[PDB]
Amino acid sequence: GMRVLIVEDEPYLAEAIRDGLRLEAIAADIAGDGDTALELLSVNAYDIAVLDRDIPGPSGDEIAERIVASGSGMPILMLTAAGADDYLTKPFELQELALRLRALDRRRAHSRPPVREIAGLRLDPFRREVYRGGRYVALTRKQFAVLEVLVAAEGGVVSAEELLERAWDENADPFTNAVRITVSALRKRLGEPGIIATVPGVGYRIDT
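Return the coordinates for this one chain only, taking the form described as "inactive form" in its entry title.
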């Protein structure tokens, strides 16, 4: 079934909302503040984020911006007292929330969430961290952006030109030596065994 993240700070409310979804076959994790929300987003995968706007720590709008920047396409539903796919005013009927969640999910029912793990690597875009078999590998911003694209291709081949468009600038001056030296540095950082394969005329890919 569906897994959602509920971020709401009002006492008992986050737990009560998860409770109302339980028998709707919609499971949920909860958080009362933005720091906990980000920590959960670094570890678990969710189908939708339900975010109260005014919460302690990083606000609900700041969480929404970081989800949007992650490039996952995960739908976001904001809760308001009274960017984002939809907004819901508190208090709301539970059937109303379950309807919005299902509608948001089925719009993208056949799309796939990003590939963040392959061949031992785990990539977390929220903390911008890479783990190889559980071992932390520090990476520069450019190295991470290139690796993020290669991992998301799940062994598919990515040209040096696409890496330049996606990790430097969509209308960049097509010079690919910078991409080549960055991939080479990434290979040194990741270590043995070799995980980034070169396809001579086309580009690079994650091996196995």
The other form holds:
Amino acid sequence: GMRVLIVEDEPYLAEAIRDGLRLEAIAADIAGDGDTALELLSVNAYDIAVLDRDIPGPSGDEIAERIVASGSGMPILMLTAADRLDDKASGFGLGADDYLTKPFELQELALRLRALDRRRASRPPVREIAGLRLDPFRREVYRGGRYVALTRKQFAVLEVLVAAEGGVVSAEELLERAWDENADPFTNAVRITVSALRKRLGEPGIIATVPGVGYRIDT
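The form described as "activated form" in its entry title is what I want next, because the block you gave corresponds to the form described as "inactive form" in its entry title; please supply it.
A lone chain is what you will see next.
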């Protein structure tokens, strides 16, 4: 079977999709808003995300962006009233794998879900090591079971270090992966963020400097 997430803020439509797919071995969870969608993604694995664009809270576009950035490789189908060519351009630009406009035919949605699921490949990024557990959908961190509040940028840097599994990551790579490609900050922004991150995580030290190279999670 298949498990899919339906993010759609018109409730009778979302329920009709879930209901219409169920006996064809596609089990769907429904989120009526962006915050609920992130809550579901933080705890459940899905085969496909079906995303409305205009929803309360964080938009379907922001959900898509977080899915792509999480490196799960979960395919994204946008299902939306935004039907202009400009809308398709921005949707595919955000990382959608398919784009279906309303009004739509349920059996076409089903055919496209099956086609997406067939061509999904793999290795999800490591998000847990050395007593740290990271959740990229809520941007939350627990260290030995204790919630640690971090800023967005602190979390982005910690994510890269944890994904590296104890391996070394240079300041230049942290720059590339945690600041936008069209940004060009200097390495001092990275070193300053690492210092703040260390202070948030507390003792004992868990991020090690490797002189002249970069930083690693101390395993």
